[PDB]
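**Student:** The hints should help you fit chain A with the ligands onto chain B, whose structure is shown.
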Amino acid sequence: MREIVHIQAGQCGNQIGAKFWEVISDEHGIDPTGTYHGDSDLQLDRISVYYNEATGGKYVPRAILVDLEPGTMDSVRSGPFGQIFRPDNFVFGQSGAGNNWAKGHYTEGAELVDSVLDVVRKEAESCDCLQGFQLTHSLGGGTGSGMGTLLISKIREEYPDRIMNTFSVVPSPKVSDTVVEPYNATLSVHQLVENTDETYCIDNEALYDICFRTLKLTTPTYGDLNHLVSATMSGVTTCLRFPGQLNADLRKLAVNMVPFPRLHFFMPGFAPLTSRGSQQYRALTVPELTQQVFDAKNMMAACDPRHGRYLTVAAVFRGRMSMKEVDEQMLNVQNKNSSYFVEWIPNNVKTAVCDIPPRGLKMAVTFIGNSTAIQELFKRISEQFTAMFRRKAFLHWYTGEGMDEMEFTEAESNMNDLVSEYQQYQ
Amino acid sequence: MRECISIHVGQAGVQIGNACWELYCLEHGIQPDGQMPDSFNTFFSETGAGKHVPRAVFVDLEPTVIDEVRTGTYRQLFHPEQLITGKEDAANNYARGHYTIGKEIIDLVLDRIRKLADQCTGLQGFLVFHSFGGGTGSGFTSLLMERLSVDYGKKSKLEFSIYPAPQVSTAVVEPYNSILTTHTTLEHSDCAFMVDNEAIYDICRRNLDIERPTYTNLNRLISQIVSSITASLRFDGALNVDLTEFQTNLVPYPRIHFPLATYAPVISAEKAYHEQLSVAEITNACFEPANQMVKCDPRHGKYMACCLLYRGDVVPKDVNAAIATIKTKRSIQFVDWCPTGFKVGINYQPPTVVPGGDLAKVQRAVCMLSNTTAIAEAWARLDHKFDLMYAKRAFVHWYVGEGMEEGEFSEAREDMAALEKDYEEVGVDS
Ligand SMILES: CC(=O)O[C@H]1C(=O)[C@@]2(C)[C@H]([C@H](OC(=O)c3ccccc3)[C@]3(O)C[C@H](OC(=O)[C@H](O)[C@@H](NC(=O)c4ccccc4)c4ccccc4)C(C)=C1C3(C)C)[C@]1(OC(C)=O)CO[C@@H]1C[C@@H]2O
Ligand SMILES: Nc1nc2c(ncn2[C@@H]2O[C@H](COP(=O)(O)CP(=O)(O)OP(=O)(O)O)[C@@H](O)[C@H]2O)c(=O)[nH]1
Ligand SMILES: Nc1nc2c(ncn2[C@@H]2O[C@H](COP(=O)(O)OP(=O)(O)OP(=O)(O)O)[C@@H](O)[C@H]2O)c(=O)[nH]1
Ligand SMILES: [Mg+2]
Ligand SMILES: [Mg+2]
Numbered sequence: 001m002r003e004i005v006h007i008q009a010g011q012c013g014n015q016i017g018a019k020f021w022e023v024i025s026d027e028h029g030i031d032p033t034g035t036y037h038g039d040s041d042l043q044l047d048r049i050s051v052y053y054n055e056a057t058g059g060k061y062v063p064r065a066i067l068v069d070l071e072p073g074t075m076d077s078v079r080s081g082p083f084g085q086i087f088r089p090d091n092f093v094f095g096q097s098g099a100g101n102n103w104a105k106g107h108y109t110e111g112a113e114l115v116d117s118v119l120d121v122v123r124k125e126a127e128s129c130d131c132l133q134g135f136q137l138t139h140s141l142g143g144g145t146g147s148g149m150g151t152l153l154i155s156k157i158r159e160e161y162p163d164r165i166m167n168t169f170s171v172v173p174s175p176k177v178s179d180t181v182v183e184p185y186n187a188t189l190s191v192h193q194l195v196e197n198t199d200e201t202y203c204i205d206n207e208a209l210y211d212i213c214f215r216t217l218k219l220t221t222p223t224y225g226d227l228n229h230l231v232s233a234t235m236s237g238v239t240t241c242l243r244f245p246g247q248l249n250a251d252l253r254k255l256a257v258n259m260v261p262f263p264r265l266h267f268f269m270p271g272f273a274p275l276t277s278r279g280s281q282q283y284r285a286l287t288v289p290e291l292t293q294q295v296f297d298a299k300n301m302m303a304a305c306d307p308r309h310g311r312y313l314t315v316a317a318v319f320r321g322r323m324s325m326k327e328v329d330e331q332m333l334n335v336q337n338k339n340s341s342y343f344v345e346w347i348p349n350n351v352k353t354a355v356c357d358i359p360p369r370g371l372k373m374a375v376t377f378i379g380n381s382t383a384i385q386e387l388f389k390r391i392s393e394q395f396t397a398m399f400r401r402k403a404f405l406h407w408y409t410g411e412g413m414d415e416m417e418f419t420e421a422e423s424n425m426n427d428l429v430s431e432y433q434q435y436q
Numbered sequence: 001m002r003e004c005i006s007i008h009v010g011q012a013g014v015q016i017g018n019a020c021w022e023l024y025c026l027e028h029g030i031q032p033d034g035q036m037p047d048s049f050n051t052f053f054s055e056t057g058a059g060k061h062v063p064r065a066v067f068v069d070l071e072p073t074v075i076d077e078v079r080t081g082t083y084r085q086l087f088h089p090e091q092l093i094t095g096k097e098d099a100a101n102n103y104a105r106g107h108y109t110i111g112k113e114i115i116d117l118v119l120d121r122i123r124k125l126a127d128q129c130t131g132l133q134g135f136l137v138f139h140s141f142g143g144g145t146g147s148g149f150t151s152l153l154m155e156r157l158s159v160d161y162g163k164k165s166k167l168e169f170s171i172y173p174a175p176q177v178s179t180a181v182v183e184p185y186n187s188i189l190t191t192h193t194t195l196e197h198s199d200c201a202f203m204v205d206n207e208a209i210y211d212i213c214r215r216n217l218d219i220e221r222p223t224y225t226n227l228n229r230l231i232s233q234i235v236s237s238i239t240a241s242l243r244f245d246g247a248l249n250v251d252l253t254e255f256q257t258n259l260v261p262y263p264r265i266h267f268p269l270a271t272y273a274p275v276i277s278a279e280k281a282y283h284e285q286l287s288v289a290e291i292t293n294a295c296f297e298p299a300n301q302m303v304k305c306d307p308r309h310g311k312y313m314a315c316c317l318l319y320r321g322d323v324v325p326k327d328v329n330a331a332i333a334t335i336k337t338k339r340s341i342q343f344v345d346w347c348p349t350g351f352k353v354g355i356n357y358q359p360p361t362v363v364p365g366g367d368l369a370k371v372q373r374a375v376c377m378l379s380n381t382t383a384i385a386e387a388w389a390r391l392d393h394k395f396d397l398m399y400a401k402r403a404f405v406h407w408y409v410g411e412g413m414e415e416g417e418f419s420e421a422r423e424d425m426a427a428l429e430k431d432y433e434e435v436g437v438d439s
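Sequences listed follow chains B and A, in order.
Mind the numbering: the first sequence is residues 1 to 44, 47 to 360, 369 to 436 in the authors' numbering, read in order.
Mind the numbering: the second sequence is residues 1 to 37, 47 to 439 in the authors' numbering, read in order.
It is possible that some hints are incorrect.
[As the list claims (entries may be wrong)] Within a straight-line C-alpha distance of at most 30 Å, the following computed DSS-like cross-link-like pairs (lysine-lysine) qualify: (1) B:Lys-389 x B:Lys-176; (2) A:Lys-164 x B:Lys-176; (3) B:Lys-402 x A:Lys-430; (4) B:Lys-218 x A:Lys-336; (5) A:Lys-336 x B:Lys-402; (6) A:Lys-124 x A:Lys-163; (7) A:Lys-60 x A:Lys-112; (8) B:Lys-254 x B:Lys-176; (9) A:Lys-164 x B:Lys-402; (10) A:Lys-112 x A:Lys-96; (11) A:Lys-326 x A:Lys-394; (12) B:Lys-156 x B:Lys-176; (13) A:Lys-280 x B:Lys-389; (14) B:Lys-402 x A:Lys-338; (15) A:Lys-338 x B:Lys-299.
Think of the hints as simulated: they come from the structure by calculation, not from any bench.
Just chain B, with the same shape it has in the complex:
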């Protein structure tokens, strides 16, 4: 039944997911224990994609919850929806990655990697025929990158023919919260290119501007910065869980939007995004939503869509609509803004319509556009990398865990070649 198994590697990944499993449950009527209390039967027709029915009339999350420290686990258990998780899944050490890449990739997680890898093989057999690997992590610390890159290259050994979904928050120049953020990127460039099929790129920078301005809100906490990413990841997986007129599931999106073996970095998008005040001053319809979708200030990756082209956008509509109204709005924008799209690919839009909206609206959407403006986000990290390596600064925390000079020379050429492909085909 096209199942999806879920890994969360790192504190941000363990907190994006802890609300992602909160938002995905009230779609399906899951109580805080694990039983069904929903209303529509269309929930239970495909409930078995994120769930295993355990006996007694209960359900469990197919989720494998990875840290190297017990501190984040305690927040997971004692927080919202802790009890629903299966207590065999919490595979975690006691040491700590220390915000080192090589400690989560050569030293500490490297002797816990198999004890992760056999809770997923148990979850690989509660399913009829799986397809989904949701990995939620960072590019900021140790458990996000080094524990979240060795782990993908092990799942590729078992499954050379599934689809991989990273959800990778990126480092920004404005909000730079640690000191070695440029070292937790270029090392993880090397194996999120050639071993993942899609890679959503979310930033901490642009995700505050949505909270101050578009939502008109004064206190952006992380439980709101996550709670936007939760409602994007609750949107791409809608065709696996609900019927719709023009349906498009996870491979069907990923075959239309990815024209090349490497250019598969996406940015999300979500509409409506209104305050508690500007509710009554808005009238929900397809031109209401589609114009907000294509805004320059509704891209969570902190880049300007005006500074580049899109190659292949796609929108995933939800709610009872009419097709021509959705067809003509997508017809409108390729006519209106034909300079901002690629000239050698016709019909850039792949519509997807689901008959079920998010809970308690009239409609909603989810935007994903494989733009060219991603070429700027890596230059904001490639030049932060360029200074710190040129002095060979901070090199003694990495040579002391097994790394080498050679691992830093080749990794720049990998991030060199990536921006060398958006620009060559823009």
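**Tutor:** Below, chain A with the ligands without anything else, positioned relative to chain B:
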């Protein structure tokens, strides 16, 4: 897990720790007997029932001050295996405290540590408190950190040394204690501190506004600096900075490991009602020259990497807004090739202060620990004070018969000479 040990070598180290353990028993709800009428596994170990003992091995070579602990209110938390007592001290001599007298009793402290070290499984690090002007904490520790480093491999070690001022200094041969302790500063401790006696006396009368600053108020302020590194082990938070996470952000090079602390809000008892002590202010308070624990100005020396460690009612949105303003500043300048120099942790607890203390009950706090380039000019104040006493060969005759020789004195000068020279090398851009 996550446990670490305290060693209080010297009269400086004990009386600092005499309030550092006053503070922690206050924090966790622990009466001085050991009773707690969760968190405390960083410094404690619960034994039996209703008893908590610390990781407190107090080492001394003279029985005066330790007997005060054994008759003070904190005699019951500690148990009489712990308190190593000597007979007759170094008395501000090196080669007594290292080569001669401490050779007797240092076997008694190591086999007291390992009956306390192999009881915890979550060994984090060491907190060796001493000075650079004692005779106990001067060169006896230079023997002791060449014992635990042989035993414990590459574990983290943190020394918190009191450092001599140019003007206010209360001994004579203090330009001889500091040059010889450098060989166990670059080699047997990976996060080595400097705190001045001068620079805190300016704070007790201008920020706290008290006319008589003595040692029991010079030191209660250092207890709050130690209590903020360990808010991330002992407590949770939105962002947490573990004590091995701390050093990888902070320390940029294999030998430069000299941060300097500071703290805010250091304000008076009745100046609180009017000051609007906000997140944009107390972050801005960490860059005034009148909030330095070391007598040096933050302006003539450029920063390299600070590590903001907050505590209290702080959300992370405005820490970005407070650090946005400080990056727009032009006099607060960084070395250019470290384009981000910011690391932020947050505790959820309120920072607390001692009843009968001198500080004000606030609801936010910040403890910056910056690595910078200005503090190498807090060494030329003391290389000069050494430069003339050996020039006339003064005070040599107390060391020759006690073990110390001449040829190391010319040799331990390059131990400091290259060390000032290397901040000149990595402070300049290109
Ligand atoms: C009276 C009314 O219509 O209220 C709306 C509303 O005012 C607005 C402003 C909502 C509101 O959303 C937020 O303010 C919000 C806060 C944190 C993070 C993101 C959003 C709403 O809270 C959110 C809520 O969303 C849902 O009910 C969806 O099913 C949504 N659910 C959750 O995110 C969720 C929240 C808590 C607990 C469990 C689930 C969802 C979206 C996608 C996939 C699955 C679920 C809605 C429509 C409303 C309120 C209540 C005010 C908006 O968001 C959503 C997700 O719909 C923000 O912009 C939209 C437009 C809505 O009109
Ligand atoms: N949007 C969100 N960003 C977050 C959240 N938690 C942390 N972060 C951001 O992620 C970065 C910190 O990453 P982490 O705590 O995930 C590092 P991790 O725990 O994976 O490994 P360690 O190095 O072992 O700590 C930094 O940019 C934070 O500001 C969250 O809930 N939402
Ligand atoms: N901040 C602070 N400094 C102190 C304190 N007690 C002593 N000092 C300083 O420490 C230095 C003197 O060293 P002591 O610690 O007394 O000497 P010692 O380590 O006991 O060595 P000997 O007595 O010579 O064996 C001087 O610079 C004093 O100002 C204290 O409680 N607080
Ligand atoms: Mg972590
Ligand atoms: Mg003494």
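**Student:** With a cut-off of 30 Å on the C-alpha distance, tell me whether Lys-402 (chain B) and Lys-430 (chain A) pass.
**Tutor:** holds (19 Å)
**Student:** Taken at face value, is the distance from the CA of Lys-338 (chain A) to the CA of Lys-402 (chain B) at most 30 Å?
**Tutor:** Since the Cα atoms of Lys-402 (chain B) and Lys-338 (chain A) sit roughly 27 Å apart, the hinted pair holds (cutoff 30 Å).
**Student:** So if I understand the rule, the pair passes when the alpha-carbon distance is 30 Å or less; does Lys-124 (chain A) with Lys-163 (chain A) pass?
**Tutor:** Holds: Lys-124 (chain A) and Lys-163 (chain A) sit about 20 Å apart, inside 30 Å.
**Student:** Is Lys-164 (chain A) within 30 Å of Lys-402 (chain B), Cα to Cα?
**Tutor:** holds (24 Å)
**Student:** Going straight from one Cα to the other, do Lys-326 (chain A) and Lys-394 (chain A) come out at no more than 30 Å?
**Tutor:** Distance of about 48 Å is beyond 30 Å: violated.
**Student:** Would you mind confirming whether the straight-line C-alpha gap from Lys-336 (chain A) to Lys-402 (chain B) stays at or under 30 Å?
**Tutor:** Given pair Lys-336 (chain A), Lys-402 (chain B) holds - Cα atoms ~24 Å apart, limit 30 Å.
**Student:** With the threshold set at 30 Å, check whether the alpha-carbon distance from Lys-156 (chain B) to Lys-176 (chain B) stays at or below it.
**Tutor:** violated (34 Å)
**Student:** With the threshold set at 30 Å, check whether the alpha-carbon distance from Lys-254 (chain B) to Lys-176 (chain B) stays at or below it.
**Tutor:** Violated, at roughly 36 Å.
**Student:** Between the alpha carbons of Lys-389 (chain B) and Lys-176 (chain B), is the straight-line distance 30 Å or under?
**Tutor:** holds (14 Å)
**Student:** Does the alpha-carbon distance linking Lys-164 (chain A) and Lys-176 (chain B) stay inside the 30 Å limit?
**Tutor:** violated (35 Å)
**Student:** Given the hinted pair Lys-218 (chain B) and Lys-336 (chain A), is their Cα-Cα distance within 30 Å?
**Tutor:** holds (26 Å)
**Student:** Checking one constraint from the list: CA of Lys-60 (chain A) to CA of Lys-112 (chain A), max 30 Å. Satisfied?
**Tutor:** It is violated: about 34 Å lies between the C-alpha atoms, which goes past 30 Å.
Checked against the numbered hints listed earlier, the structure breaks hints 2, 7, 8, 11, 12 and 13; every other hint is satisfied.
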